[PDB]
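Trainee: Here is what each chain is made of, one letter per residue.
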Amino acid sequence: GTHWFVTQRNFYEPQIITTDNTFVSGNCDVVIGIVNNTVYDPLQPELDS
Amino acid sequence: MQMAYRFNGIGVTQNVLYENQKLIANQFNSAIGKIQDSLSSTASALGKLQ
Ligand SMILES: *[C@@H]1O[C@H](CO)[C@@H](O[C@@H]2O[C@H](CO)[C@@H](O)[C@H](O)[C@H]2NC(C)=O)[C@H](O)[C@H]1NC(C)=O
Ligand SMILES: *[C@@H]1O[C@H](CO)[C@@H](O[C@@H]2O[C@H](CO)[C@@H](O)[C@H](O)[C@H]2NC(C)=O)[C@H](O)[C@H]1NC(C)=O
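Residue numbers (PDB author numbering), protein chains in the order written: chain A, 1099 to 1147; chain B, 900 to 949.
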């Protein structure tokens, strides 16, 4: 309703959308139906150490 | 998304579909449209049922 997660296909188990479970391809204008949401980087708290 | 999961089934990543969706749709429409011409011209395909 407000926040975006990623699940597996056959069982609802939501997880935070990071750079580990997603892969980067292309840019924004080609994909039809794309949305806007932040993708979390796990390296940032280690950079804040 | 169903077509993307079919491509992920046959070992091709989803960005191939999501960057060529219009081309894939046009190819599918042409492939369906050839079938009507083939069935209207050649009536010997139904030899098993005949
Ligand atoms: C949809 O998911 C979001 C993200 O988890 C929920 O927002 C959180 O709700 C919990 C409930 O206690 C809070 O502690 C968090 O602070 C909320 N925000 C975040 C960023 O985690 C939300 O409640 C869910 N439901 C709806 C209807 O939006
Ligand atoms: C997702 O964000 C992009 C930009 O980050 C939005 O695209 C437009 O981008 C230009 C240049 O950056 C802005 O001047 C426009 O204001 C943006 N459009 C809008 C409606 O804000 C894109 O529209 C965003 N998509 C969604 C669904 O919010």
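It should be emphasised that the hints constitute simulated quantities derived from the structure, not laboratory data. Cβ coordinates follow ideal geometry from the N, Cα and C atoms, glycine included. Any given hint might turn out to be false.
[Stated by the list, open to error] Not close to chain A: a few residues of chain B, all C-beta gaps over 10 Å, as computed: (1) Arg905; (2) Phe906; (3) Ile909; (4) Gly910; (5) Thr912; (6) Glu918; (7) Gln920; (8) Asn925; (9) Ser943; (10) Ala944; (11) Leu945; (12) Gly946.
[To be verified] DEER-style ranges, computed between Cβ atoms: (13) B:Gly910 - A:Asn1108: 18 to 24 Å; (14) B:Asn928 - A:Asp1118: 47 to 53 Å; (15) A:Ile1114 - B:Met900: 35 to 41 Å; (16) A:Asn1135 - B:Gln949: 55 to 61 Å; (17) B:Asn925 - A:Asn1119: 45 to 51 Å; (18) A:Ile1114 - B:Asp936: 48 to 54 Å; (19) A:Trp1102 - B:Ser939: 37 to 43 Å.
Trainee: Each hint: holds or not?
Mentor: Results for each hint:
With a closest Cβ-Cβ approach of about 13 Å to chain A, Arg905 of chain B is found to remain outside the 10 Å limit, as its non-interface label requires. With 10 Å as the threshold on Cβ separation, the claim that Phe906 of chain B sits away from chain A holds: the shortest Cβ distance comes to roughly 13 Å. Distance to chain A confirms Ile909 of chain B as a non-interface residue, since its nearest Cβ pair spans about 16 Å, more than 10 Å. Even its closest Cβ contact with chain A, about 15 Å, leaves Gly910 of chain B beyond 10 Å, as expected for a residue assigned away from the interface.
A Cβ of chain A approaches the Cβ of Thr912 of chain B within 10 Å, the least distance being about 8 Å, so the stated non-interface status is violated. Residue-level check failed: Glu918 of chain B sits 5 Å from the nearest beta carbon of chain A, not beyond 10 Å. For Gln920 of chain B, the condition that its CB be more than 10 Å from all CB atoms of chain A is violated, with the nearest at approximately 6 Å. Residue-level check passed: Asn925 of chain B sits 14 Å from the nearest beta carbon of chain A, beyond 10 Å.
Remark: the non-interface label on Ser943 of chain B is consistent with the geometry, its nearest Cβ contact in chain A lying 42 Å away (cut-off 10 Å). At the 10 Å boundary, the C-beta of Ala944 of chain B stays outside the reach of chain A, the nearest C-beta of that chain being 36 Å off. The beta carbon of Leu945 of chain B sits about 39 Å from the closest Cβ of chain A, which is more than 10 Å, so the claim that it is off the interface holds. Against chain A, the non-interface label of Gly946 of chain B holds: every CB pair exceeds 10 Å, the least being about 42 Å.
Evaluation of the 18 to 24 Å hint for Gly910 of chain B and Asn1108 of chain A yields a pass: the beta carbon distance comes to about 20 Å. Roughly 38 Å separates the CB atoms of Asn928 of chain B and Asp1118 of chain A, a value that falls outside the hinted 47 to 53 Å. In this structure, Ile1114 of chain A and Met900 of chain B break the distance hint of 35 to 41 Å, their C-beta atoms being roughly 21 Å apart. Between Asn1135 of chain A and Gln949 of chain B the Cβ separation comes to about 58 Å, which falls inside the hinted range of 55 to 61 Å.
Between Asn925 of chain B and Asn1119 of chain A the Cβ separation comes to about 33 Å, which falls outside the hinted range of 45 to 51 Å. Range check, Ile1114 of chain A to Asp936 of chain B: Cβ separation about 52 Å, and the 48 to 54 Å hint holds. Distance hint check for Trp1102 of chain A and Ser939 of chain B: the Cβ-Cβ separation is about 49 Å, which falls outside the suggested range of 37 to 43 Å.
In this structure, the earlier hints numbered 5, 6, 7, 14, 15, 17, 19 are contradicted, and the remaining ones agree with it.
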